[PDB]
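S.K.: One-letter residues, chain by chain:
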Amino acid sequence: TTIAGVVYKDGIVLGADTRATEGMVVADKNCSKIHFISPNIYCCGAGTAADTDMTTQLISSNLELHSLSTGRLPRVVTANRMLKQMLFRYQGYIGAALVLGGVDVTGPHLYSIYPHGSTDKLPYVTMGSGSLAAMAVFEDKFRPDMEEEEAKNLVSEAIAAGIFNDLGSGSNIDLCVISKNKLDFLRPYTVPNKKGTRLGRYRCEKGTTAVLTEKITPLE
Amino acid sequence: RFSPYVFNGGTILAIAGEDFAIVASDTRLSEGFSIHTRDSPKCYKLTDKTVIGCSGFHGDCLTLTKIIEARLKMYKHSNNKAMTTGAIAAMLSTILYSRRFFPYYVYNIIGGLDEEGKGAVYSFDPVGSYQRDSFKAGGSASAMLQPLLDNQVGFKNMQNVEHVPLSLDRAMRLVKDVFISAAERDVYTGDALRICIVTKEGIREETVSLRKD
Amino acid sequence: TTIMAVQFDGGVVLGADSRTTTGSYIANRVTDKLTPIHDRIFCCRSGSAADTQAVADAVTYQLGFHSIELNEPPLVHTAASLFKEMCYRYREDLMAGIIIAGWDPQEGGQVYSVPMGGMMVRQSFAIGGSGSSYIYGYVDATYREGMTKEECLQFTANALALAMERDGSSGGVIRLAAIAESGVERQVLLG
Amino acid sequence: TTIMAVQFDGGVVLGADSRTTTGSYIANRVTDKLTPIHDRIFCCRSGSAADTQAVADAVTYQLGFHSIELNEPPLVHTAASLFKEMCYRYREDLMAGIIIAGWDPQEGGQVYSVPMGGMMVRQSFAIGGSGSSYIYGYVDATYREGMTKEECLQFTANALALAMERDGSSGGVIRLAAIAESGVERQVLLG
Amino acid sequence: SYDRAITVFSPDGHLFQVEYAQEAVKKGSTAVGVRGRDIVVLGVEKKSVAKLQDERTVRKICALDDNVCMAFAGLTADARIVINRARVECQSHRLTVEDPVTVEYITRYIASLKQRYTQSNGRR
Amino acid sequence: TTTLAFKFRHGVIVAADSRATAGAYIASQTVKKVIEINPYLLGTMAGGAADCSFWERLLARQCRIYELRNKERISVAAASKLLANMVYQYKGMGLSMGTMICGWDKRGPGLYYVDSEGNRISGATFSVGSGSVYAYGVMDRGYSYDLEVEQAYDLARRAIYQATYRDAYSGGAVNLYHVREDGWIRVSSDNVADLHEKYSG
Amino acid sequence: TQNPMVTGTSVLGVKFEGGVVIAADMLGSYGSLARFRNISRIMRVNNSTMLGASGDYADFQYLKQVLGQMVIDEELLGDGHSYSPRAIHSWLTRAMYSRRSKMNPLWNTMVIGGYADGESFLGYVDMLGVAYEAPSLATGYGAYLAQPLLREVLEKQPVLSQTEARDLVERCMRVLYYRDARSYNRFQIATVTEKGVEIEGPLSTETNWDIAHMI
Amino acid sequence: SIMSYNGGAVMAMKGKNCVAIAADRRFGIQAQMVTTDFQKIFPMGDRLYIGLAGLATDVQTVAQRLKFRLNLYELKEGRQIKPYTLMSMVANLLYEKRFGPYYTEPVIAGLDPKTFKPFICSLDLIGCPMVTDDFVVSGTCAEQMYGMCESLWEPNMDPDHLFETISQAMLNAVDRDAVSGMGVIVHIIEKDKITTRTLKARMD
Amino acid sequence: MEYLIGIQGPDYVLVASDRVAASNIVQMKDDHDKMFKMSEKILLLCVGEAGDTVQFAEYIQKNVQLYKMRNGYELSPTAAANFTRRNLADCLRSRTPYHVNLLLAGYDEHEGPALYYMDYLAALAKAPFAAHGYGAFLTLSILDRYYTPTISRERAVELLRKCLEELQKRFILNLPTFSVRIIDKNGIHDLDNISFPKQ
Amino acid sequence: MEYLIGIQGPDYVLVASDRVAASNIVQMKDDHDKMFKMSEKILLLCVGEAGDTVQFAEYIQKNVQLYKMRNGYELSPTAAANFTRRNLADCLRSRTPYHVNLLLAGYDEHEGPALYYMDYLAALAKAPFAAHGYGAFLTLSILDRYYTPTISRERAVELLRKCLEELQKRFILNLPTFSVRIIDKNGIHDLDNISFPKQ
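Residue numbers (UniProt numbering), protein chains in the order written: chain V, 44 to 263; chain R, 29 to 241; chain E, 35 to 225; chain L, 35 to 225; chain S, 2 to 125; chain A, 60 to 260; chain D, 46 to 260; chain W, 2 to 205; chain G, 1 to 199; chain F, 1 to 199.
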């Protein structure tokens, strides 16, 4: 798991990989880790994959309820305040590491939320298992107020450092760019690793397996 | 406290043929969640007709190799001939049992030719029990590779399928394909595939790349 | 991590580092440990990050509702009494190193200390955090009665610079704040 | 408990407290922690009382036999090398905080430190014991290059007076020693 | 520990301390034994009794098990310590292999005990 | 793992499975659990796979030196006693060994049972393993001292098949030896999937 | 060593064209306390090899003593022979493994750089006895932080000059100053070439703190 | 462990316009079988099945709680349930026991009822859904089933070759497992008819 | 710890259990009864620890007798056994889980005879024959050796005779006596209390 | 775990033990022998764990046979029993203490019959009757109920008959058969292997 975010001169770029590893065996090769919250706020998830799903749907249900009542656009500080108040109540039994980012009226805002309830606003954050590898790319090559082509090149470079150096990571790199007027969610941004082609033909035919009892039931 | 063991991964594969023997392994050394190097093959050439593969705790794998290579020279300086493949397996079982109450954390597979020019595979536990088999796979992804070779090489669970012996050509692409499937689902299965082929003329070597997560 | 507050006659001077660690990794490299509660009352927090962020929000809730009801600026002793009641009732569940300091119209500058037990005492100068143990001897000899504001900004700069260099858990950059009758002057210092 | 050694150009200056505790009771109220080995070489000991008394006798045995054999006054680096070999070989069985300091004809005053691990390093000034953590910030700012002997007697008096007052395990009375080419001047100070 | 080679070779190929010990045998009292097909019969001569001694403490025919008897010649002090070392071995055979000791087995134990004892250091 | 042995009028019958597992993972299906000490002795394997392989190969060394010195072969009771003494000196250190010793003797057939704890008992029928209790019930029914040879084969062959059916750690193929007057003779080695078609109809 | 008292931290090392460069800082920590701030963690073995270490520092002075005597006694034989860097790397691997087997390990992790016979050698030695070779090495948190920065250059560019290698180290030492609580802004760079073994002085990094004004 | 108390293995595999599911038949307690006809695949409407594997209590418990909630759904609404909708229903049921969790791992396979398109997914024991396009596996012998399916799966497969692939995937992997076996049942569904077959496996 | 057995035929169910109520090392009662009726064609055979076998099995008995009075007809053996499985499973994750092992035997006029199997984790199993206790390890192998689905009830008794004589040969507990029932279309019938004279 | 008994009369010692060699839950051998001779008038009856009962008791047997060959006469039952107590007590505070429970029976021509009692802590006791195992809790109360110091050996056997029939009534283990010896001036004599038919 390797998730990261950055704040460029106009908006916010988020990135992630696509792998869910159960034990030491790769369970999913295309698990989407960037979630919907509002039409301007997304979040990346790390840690327990069941706790991050049921948390990111609860808050996104309440902000749809809140914004439809007020009739205006949600704010990023509201999603920060809802998350860290409920994670503190469960005393850290819910393992949920989140990168929260969005562009409200006040501008772009990037947060990182730890599963005990501690938050912090930062210009760039990394979470996950291979987050230390992705931090070193940000720590060497960050500059304030970049363009979005420089930002997208920076984040995909940092996620790739978590691919080729962490065991529990590494597949197609997701990205999403949030700006004041544009939302570019795009899952296959790059394919760094393929699967090799088969060589030996293993093909069986009908009748190579012994059957004790067969039943046929029609439908309509 | 100081735990004297660690798991360094690795996956080895041997197949005995009719006049050949094929020993293959990945080249990734890694513990924890990090990668140490992307080039560390486990194909060790003992003689011109015997190759061993050693997976597990890597400190023992370096030690156990150098203990074996000394005793091949001590045999020759006392008996004027090189060891056969079955003699190496009988020697190694006493070596592994000699540390019965503080064992090596090593899985061992010896592949090579016998006195008649036929394939031979000797698989080991970390204690020193062994038997002669036709194909084995050990290491991290051993539970993935052993079912696939029962169907193809062992011809098990099939009906009305002929029983042709495995050729040298078929066994190469059968080895090359079973590591590509293991590279997708195992985090430890590495990046380059070293294949060592023991025939009646010497030992050939071959490197095949894989994915590099 | 390493926090410090010194009062003078017109008001108080606060200071803290900016490093926030997770065992041995630097999670947050720059951190604002100086939390406003009201317009003249700050607190600087230490210990658990998740605990002291949650406590400082509930006190700001209760004190802001209290001052709008009396229609009168709150007392510094009133705000320090609110941290005492939450840190003592939940003393088995919190790790809080709060120092409350600020200016008040009735009494001037005050400095209060609430350690992890849950007690409360007024001091001329307070000091807390993990790195605070290495500058007890410095702050005892160097302290002089009747300083100005500019001397206290010097006095909290030299003391935090020593604990940051000697302790491994401290470091980063120095954040300062001077609270007087006129207002709050915040600055970020390095050296 | 709280020990300190500072070198100057002509020699070194040592100092220690006199309190020896047993958990929380004051067993020995006045204690001589400044142990002579040779005529110009002292050590000041901390940690376990039974360990450091037994180690300092074996080193005095081995160094006194060594100097009478060469018929030449021993080196300070030679004596610090002997504590290293006993504290490293028996590092699983000892709790030793030895600081070795003294004057030598070939090199002048030296100060060496042997902590509980068993390493050895030369320093301009050393500091050790349980109470030594509270005066790291004082000894960093106050230290100045090129002191006289009389300034170092002042510099070790003010530093030990702060750790004795702040720590609970330190206290008692201050014992001082100035080792030069001319000899050893020991004094007992309070204040 | 006394380390000295007692038994060594002669310049013509003899072991002198061995064949000097054979003459100590050649003046002990005579012991004769024949075997029948069903009953063995062996009997020493020259009891040399002086009619003031206990007749049982002078015996030279003892038993090692129920089935194995033993007579000797030479000097008696060396005899009854070889016998007591044979009694332990024929008893330790029964804790091993279950049958009683064959008569050929107990001779190989005495003979091999006696050879290596002409081979060690500091022993006549 | 399931081994059994019983003696009758015409010698001793030894049978075993061939499955060796590692946790829930099956390592191999072709493990020979009846190892051949001599042309006149047999030994089984139960518990430690390498512990039974070592100390019985060490026993075969010891029985050969006995033959070269004494010029006759060792008895079965003496051979079991040597094995029980070598294992006892490592008592408490954690050896797993539950083997059986078979062979013809000057007193006739011989059947002994040696544990790693120090048990040494003789007897007529034995069954060792994780699925051994599944083997006793079907063997106690069809056992007689006066069995015929073809009937004693089909008794011990089906008895392993009933144990592998219930036990999860037993399976593979059914090895089958016959200790006779002159020495042991290998009878057969049948797969369980072949016997399942045989014994159903 | 059951419990390491005074420890060091990450040690970096990378090959280049004609030599190896190794850098490490000058701090001996004690838990979270920075006691000894002027120690040297790099030993210059004779002329074509070089050693840095992490872990317990008292055990490092032991190996500094033992390896010192093995070089002194060989050079006074006049054989015309010296230990290659992989000969010392093979010796030190055996010294680690033969000592964990007695359940009494040396709490260290050591990087052996060396330039003998026209080629560079860079070797890793673990406390448990795990040894390998690589074109770039890193211990401690440098295996997590600085090690991905080493590999992303060496995969896009396999051969490096000396100025390219020396620039690439100081970037990795800068990152370890930001994101490691046991680091210190005072390090020394050691470099073997064909000319010999050279150790530079207590160099320092230059830090950037522009993001601290971002609330 | 807990999942190794009874064994079990469930595999689902996607074909061209058809989807197949398979499971073993053994019921046992850690070494000792009891019966060889234990049901582990349950029908949830036409052309939509579910497989359960794990602890034998929660296999029969979840399969009755889910049917309790399913019939209330198909009567309050006038239609049958979509395969994607049931995945959210099962994930809700398991997450309610976040701290009292059921020890099972469900596998859902079926055709979408209006547009006959196959659907497969699997869930962990606290409800993290994972949809794939080739295969899902669950049970004790998971790693043996990945080596089968990664080596044998083809993208667009008629129901004849789909049956032969999932049969060889189950027979070779479960034979390598110790606590799973005693027969394999295979359901292969398609838009016109449905087929239940039992295979000739090792009773060993 | 103690034994019972479940041979099921074409139109009958043959059940049997022991009669020993144990203690520390002694046996308190030699003619205990593990057999609990609920209907005219449904039995219950409970094995486990001390308090739970008595009180759970009579808790079920008062719910089955209540179902007959409220409706006028009885439960099926399928439904009666499946009502029990809900009661262990609900009380499993509680402050007091019952630790009982049981197997239920019943006859119906629609699906004929039936035998179900449970444990202390509430897993059902429709089985042709089953057993609990440590004697199940000894006696299941005789029973599948000789089982025919078309077995007459006269030879099913002597199969049970053979299945218990081996239990008094290679099993270390005492267990002298065994009480036997049989269930058919005419209801419960007591058979001979078969035993082995220890005189 | 398993049982033996020590009735001692005026000019005889009546001993008996069981014949069962146990296992996990099965009984491996039904005609085991717990009885070890050392002399013509001294027996040994050993109870305990697996390895130590066999090897300790034959270690003593080779030392008693050795004493007879070195001297021509046998040990007394007092001295033979007291030689055993020294061997447990010296090997008690060791790396491998033996865990055996035993009682020794012997006749002498000077002090007549004798019975000694030991445990796994090597404490001697000259007793008129004793027992080991869990059956000793059941059977000592019958034995002091009916013991006379002047008891004839014919009624001492039927006292042992009465003492074992209660053991097959209220004791949960199986224990069908019992081997009986008797020691007198004429040496060891085998009596009838008394048992109870489980058919």
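Any given hint could be a false lead.
With the Cβ distance kept under 7 Å, some of the chain R side facing chain V (calculated, not the full set) [unchecked claim]: (1) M119; (2) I123; (3) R127; (4) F130; (5) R201; (6) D241.
Per the computed footprint, the stretches of chain R lying under chain V, defined by three or more beta-carbons under 8 Å from a beta-carbon of chain V, are [said to hold, decoys possible]: (7) 149 to 156; (8) 216 to 230.
Hints are computed from structural coordinates only; laboratory data are not their basis. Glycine included, C-beta positions come from ideal geometry on N, C-alpha and C.
S.K.: If a hint holds in the structure, say so; if it doesn't, say that too.
M.R.: Tested hints:
1. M119: 34 Å, violated
2. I123: 30 Å, violated
3. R127: With Cβ-Cβ at 27 Å, over 7 Å, it is violated.
4. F130: 26 Å, violated
5. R201: Nearest chain V Cβ about 4 Å off; hint holds.
6. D241: Holds, about 4 Å.
7. 149 to 156: violated (count 0)
8. 216 to 230: Since three or more residues must qualify, the claim that chain V covers the stretch 216 to 230 of chain R is violated, with 1 doing so at under 8 Å.
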